[PDB]
Amino acid sequence: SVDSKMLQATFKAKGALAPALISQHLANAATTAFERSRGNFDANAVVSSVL
Amino acid sequence: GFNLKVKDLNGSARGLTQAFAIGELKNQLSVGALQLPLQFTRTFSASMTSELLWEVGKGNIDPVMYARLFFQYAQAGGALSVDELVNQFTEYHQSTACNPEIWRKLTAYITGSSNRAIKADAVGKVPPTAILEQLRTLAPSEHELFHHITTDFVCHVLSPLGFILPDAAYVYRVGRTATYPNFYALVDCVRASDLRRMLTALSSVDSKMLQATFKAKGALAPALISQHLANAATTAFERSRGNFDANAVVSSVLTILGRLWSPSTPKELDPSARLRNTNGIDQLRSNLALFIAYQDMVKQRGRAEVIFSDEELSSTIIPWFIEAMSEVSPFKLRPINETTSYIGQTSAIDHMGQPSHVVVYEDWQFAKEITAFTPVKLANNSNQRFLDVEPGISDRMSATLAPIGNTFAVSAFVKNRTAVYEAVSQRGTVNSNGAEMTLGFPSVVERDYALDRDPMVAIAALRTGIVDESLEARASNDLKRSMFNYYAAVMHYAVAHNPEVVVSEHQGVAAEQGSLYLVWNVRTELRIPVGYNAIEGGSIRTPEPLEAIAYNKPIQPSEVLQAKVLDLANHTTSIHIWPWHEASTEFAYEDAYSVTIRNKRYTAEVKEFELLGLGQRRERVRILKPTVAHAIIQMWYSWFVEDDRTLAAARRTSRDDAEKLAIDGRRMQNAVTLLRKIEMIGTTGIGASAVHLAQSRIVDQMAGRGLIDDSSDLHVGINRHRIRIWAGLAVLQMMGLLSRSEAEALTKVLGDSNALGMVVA
Amino acid sequence: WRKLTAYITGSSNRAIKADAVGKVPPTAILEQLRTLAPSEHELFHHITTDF
Numbered sequence: 204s205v206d207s208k209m210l211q212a213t214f215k216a217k218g219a220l221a222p223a224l225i226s227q228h229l230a231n232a233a234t235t236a237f238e239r240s241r242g243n244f245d246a247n248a249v250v251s252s253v254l
Numbered sequence: 001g002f003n004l005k006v007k008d009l010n011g012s013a014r015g016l017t018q019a020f021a022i023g024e025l026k027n028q029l030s031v032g033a034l035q036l037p038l039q040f041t042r043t044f045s046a047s048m049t050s051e052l053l054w055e056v057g058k059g060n061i062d063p064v065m066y067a068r069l070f071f072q073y074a075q076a077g078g079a080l081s082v083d084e085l086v087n088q089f090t091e092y093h094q095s096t097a098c099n100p101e102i103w104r105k106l107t108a109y110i111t112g113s114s115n116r117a118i119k120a121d122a123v124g125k126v127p128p129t130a131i132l133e134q135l136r137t138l139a140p141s142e143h144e145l146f147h148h149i150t151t152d153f154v155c156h157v158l159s160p161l162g163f164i165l166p167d168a169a170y171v172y173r174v175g176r177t178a179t180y181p182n183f184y185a186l187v188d189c190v191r192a193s194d195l196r197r198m199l200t201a202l203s204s205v206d207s208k209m210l211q212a213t214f215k216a217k218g219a220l221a222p223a224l225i226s227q228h229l230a231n232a233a234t235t236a237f238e239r240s241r242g243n244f245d246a247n248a249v250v251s252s253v254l255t256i257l258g259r260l261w262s263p264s265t266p267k268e269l270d271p272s273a274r275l276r277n278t279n280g281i282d283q284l285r286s287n288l289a290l291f292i293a294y295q296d297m298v299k300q301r302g303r304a305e306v307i308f309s310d311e312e313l314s315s316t317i318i319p320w321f322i323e324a325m326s327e328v329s330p331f332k333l334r335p336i337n338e339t340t341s342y343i344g345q346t347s348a349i350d351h352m353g354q355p356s357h358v359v360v361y362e363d364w365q366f367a368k369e370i371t372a373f374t375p376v377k378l379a380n381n382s383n384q385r386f387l388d389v390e391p392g393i394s395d396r397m398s399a400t401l402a403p404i405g406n407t408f409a410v411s412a413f414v415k416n417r418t419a420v421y422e423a424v425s426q427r428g429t430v431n432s433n434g435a436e437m438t439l440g441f442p443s444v445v446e447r448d449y450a451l452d453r454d455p456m457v458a459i460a461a462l463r464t465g466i467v468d469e470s471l472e473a474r475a476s477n478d479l480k481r482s483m484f485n486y487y488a489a490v491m492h493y494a495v496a497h498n499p500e501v502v503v504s505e506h507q508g509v510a511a512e513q514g515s516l517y518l519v520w521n522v523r524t525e526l527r528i529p530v531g532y533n534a535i536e537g538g539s540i541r542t543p544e545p546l547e548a549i550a551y552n553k554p555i556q557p558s559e560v561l562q563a564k565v566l567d568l569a570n571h572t573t574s575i576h577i578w579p580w581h582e583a584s585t586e587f588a589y590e591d592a593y594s595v596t597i598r599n600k601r602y603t604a605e606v607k608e609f610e611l612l613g614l615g616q617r618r619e620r621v622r623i624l625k626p627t628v629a630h631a632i633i634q635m636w637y638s639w640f641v642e643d644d645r646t647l648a649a650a651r652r653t654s655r656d657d658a659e660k661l662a663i664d665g666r667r668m669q670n671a672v673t674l675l676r677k678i679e680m681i682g683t684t685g686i687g688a689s690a691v692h693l694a695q696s697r698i699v700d701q702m703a704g705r706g707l708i709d710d711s712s713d714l715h716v717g718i719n720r721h722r723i724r725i726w727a728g729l730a731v732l733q734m735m736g737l738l739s740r741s742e743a744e745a746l747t748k749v750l751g752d753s754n755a756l757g758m759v760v761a
Numbered sequence: 103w104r105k106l107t108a109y110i111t112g113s114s115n116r117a118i119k120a121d122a123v124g125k126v127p128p129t130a131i132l133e134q135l136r137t138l139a140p141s142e143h144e145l146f147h148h149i150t151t152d153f
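From first to last, the protein sequence lines stand for chains W, F and L. Residue numbers in the first sequence follow the deposited numbering, run continuously in steps of one, and reach 254 at the last position. Residue numbers in the second sequence follow the deposited numbering, run continuously in steps of one, and reach 761 at the last position. Residue numbers in the third sequence follow the deposited numbering, run continuously in steps of one, and reach 153 at the last position.
Chain W on its own, in the form it takes in the complex:
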């Protein structure tokens, strides 16, 4: 997915608060990842049943 380099930051390294934002990014990632996950899982035996 990735967030690029930006500014004089993500570009030119800056910000403790940046990476405090990365971590956030991490979160962002996580979440999102999670999110795309979040409903979907449900049916396994169930499938059999469909069978």
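None of these hints come from the bench; they were simulated from the model. It is possible that part of the hints are untrue.
[Said to hold, decoys possible] Counterexamples of contact, computed for chain F against chain W with all Cβ distances above 10 Å:
#1 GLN35
#2 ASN99
#3 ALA273
#4 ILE307
#5 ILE404
#6 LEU471
#7 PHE484
#8 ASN521
#9 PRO529
#10 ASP567
#11 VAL595
#12 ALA703
#13 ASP710
#14 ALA743
[To be verified] Estimated spans, in silico, between C-beta atoms of each pair:
#15 W:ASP245 to F:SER207: 22 to 32 Å
#16 F:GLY32 to W:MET209: 47 to 57 Å
#17 L:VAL126 to W:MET209: 18 to 28 Å
#18 F:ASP62 to W:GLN211: 56 to 66 Å
#19 W:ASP206 to F:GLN88: 50 to 60 Å
A virtual CB, placed ideally from N, CA and C, is assigned to each residue, including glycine.
With chain W held as given, fit chains F and L onto it using these hints.
Coordinates of chains F and L only, in the frame set by chain W:
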């Protein structure tokens, strides 16, 4: 204008808190499990104003008004389950449906005697007016009259022409409502959509046709009208018939959504993807207005969820609230941001840099014209009347008013607040730890003056930060609502700037208290203790707001959110107010105007009419209110007060000379300004003349006394302004603006400089 | 996590600028992060790092 010490609100305006927002006693306010970015960045919000006149004279759908009245009732607690009433009404209607044989019958006479009933006759129908009330009689008598409207709905139809004659109107005049809202508010809109729709259908009309609907004919015709009535009714009803069903339910949807939000929730307490995915309700999650909205309700509610559709919710009701379909909910999409703009804020901030005192300010207009009206009756023994009004003064004064208007910006307030500053080896924020914040909202208070209730309680309402009834619940809620707004913008606004936009749920005194917020970041600024600190690597974070605002730096407003304030009925011609008496004041006035010079007291009063030009004072002639300004005035007023005070002490304490020496002048300056305000308005003719009257009179007494032709001398200025100034003060009385008490005592604290600028020598 | 991260590189609060941040084969670090993590099977965990 509650001034508050950073590192406390949980006391400082105790219950004015996020905690409070949970309820949350004075626990938590913390970090940090999970965390969860959302920045739904739009809201549905409204706009200013909801007051109006609304004279009814030719009712014809257009809900809004009505609804607004409804709200006035709804609000009035004389309606609340307004909704319910509509049911009742539905039924009422329905019963209308049920008595046709009556209804018709009734109709049948009303005009006009039935069975041949035909032809171009002469059918000088009337102002139908009374009749209705028979029909009421025959009807039941549900609240006020809906009933009547409906009549009008036929009336005008009933007339091609002739078939209703001429009529008048009344007055009703919706008052204002919110800016943000809540749930209940929501559902109704939807219901309103029915309701409006009910009425939508209701005009419609059947034309003139034949030599009948065209050229009056048929008893059997109107026997068909009645039928038409039925047709209408039915249809109206019909469009009604399924739809109503979900109210708590909606909350539940919220609760779903909430439970989407919830993100640490049980697995099988997920909203399945089939849900999750679907339509833009999901979009709806990512749609703020609500977000903020739910929670609270739910706070009340402790939770509860209907469990129902997954397939109409999803999501049909859902965009039944395509919410904004009512603009009644003027909760209408907003890019979130676009609000605020009555917020500017600016702050006082120390050297390190480190702060001081932060002002968020509320930005206004105040242009205004008056509204000094003939209070008579018309209707005796019954007040719904129109009375009247005229200018004379109204204009004159207003014309004067305007100038005053000129002087006063919020800008100028802030400027003044800027003027506050100065500081030194003083004063904090770091030194001694508590930091000021004030947010200009006298405005609220204004309304309270409009609502005629004691502020102090309001202060209490802050103070405790919670409810402080004792007295009118109505008022209380009213206050409450204000407070809602109070919370309400703020953080949006903060957020507007602050896209520190994540969530960890706080899970109160445990765990299941789904309150989401984000901590916000504070990025740079090396070190502060200011706040119940974090400091999260010099980048404090908190889901507690104020500070964040602190890590703004003087923002601006971007409108003064003007201030259009409702007015007279102008087209007033029959109509009838509704709460007015309160809403009006007599201009009496007591107090005077005198000076003793020489040793000789020269003396006068106020004698209102004549100041006002013509005769002659009496109980009548009442005046509509002057609200805005009171709110403003006192501000100006209030400021000084502190300043001298605070200053005086500092002036005291002066551990070194210079400073003391220093402070004064500036303190002097402003006075003159004050002065400058006043004489300036003191010039105004209507003023000046007043002086005039005086002088002569002053003189008159004087004349016996006076003997010496000592000349030029009092070309030494004084008088001019002296009086002028003074005269200005009169203004303050004769439009009671400031009490007698304070200003003379302020005066009191004044007493010099005045020879300023000037000839000297 | 952040915290962990925060050190990993690299010592936090000013954290800015073109510095010289010869990050590394991160390799070990992770396992601290494991420590701080729990230790579910093998490492997924690590991937993520690479991410």
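Hint by hint, here is what the structure shows:
With a minimum CB-CB distance of about 6 Å to chain W, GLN35 (chain F) fails to clear the 10 Å threshold, and the non-interface call is violated. Every CB of chain W is more than 10 Å from the CB of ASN99 (chain F) (nearest about 53 Å), matching its label as outside the interface. Distance check on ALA273 (chain F): its Cβ comes as close as 3 Å (rounded) to a Cβ of chain W, failing to clear the 10 Å threshold; non-interface status is violated. Under the 10 Å C-beta cut-off, the non-interface status given to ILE307 (chain F) relative to chain W holds; the minimum distance is some 17 Å.
No Cβ of chain W approaches the Cβ of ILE404 (chain F) within 10 Å, the least distance being about 48 Å, so the stated non-interface status holds. For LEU471 (chain F), the condition that its CB be more than 10 Å from all CB atoms of chain W holds, with the nearest at approximately 49 Å. Look at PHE484 (chain F): its CB is around 31 Å from the nearest CB on chain W, clear of 10 Å, so calling it non-interface holds up. A Cβ of chain W approaches the Cβ of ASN521 (chain F) within 10 Å, the least distance being about 7 Å, so the stated non-interface status is violated.
For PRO529 (chain F), the non-interface assignment is confirmed: its Cβ lies about 19 Å from the closest Cβ of chain W, beyond the 10 Å cut-off. Under the 10 Å C-beta cut-off, the non-interface status given to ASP567 (chain F) relative to chain W holds; the minimum distance is some 52 Å. Every beta carbon of chain W lies more than 10 Å from that of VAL595 (chain F), the smallest distance being close to 66 Å; the non-interface claim holds. Under the 10 Å C-beta cut-off, the non-interface status given to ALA703 (chain F) relative to chain W holds; the minimum distance is some 81 Å.
Listed as a non-interface residue, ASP710 (chain F) keeps its Cβ farther than 10 Å from every Cβ of chain W; the least gap is roughly 77 Å. Against the 10 Å criterion, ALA743 (chain F) stays outside the reach of chain W, whose nearest CB is about 51 Å from its own CB. Against the hinted window of 22 to 32 Å, the Cβ-Cβ separation of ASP245 (chain W) and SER207 (chain F) comes to about 59 Å, which falls outside the hint. Between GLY32 (chain F) and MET209 (chain W) the C-beta distance comes to about 26 Å, which lies outside the given range of 47 to 57 Å.
Remark: the range hint 18 to 28 Å for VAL126 (chain L) to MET209 (chain W) is upheld by a beta-carbon distance near 24 Å. Remark: the range hint 56 to 66 Å for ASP62 (chain F) to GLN211 (chain W) is upheld by a beta-carbon distance near 57 Å. Roughly 59 Å separates the CB atoms of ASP206 (chain W) and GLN88 (chain F), a value that falls within the hinted 50 to 60 Å.
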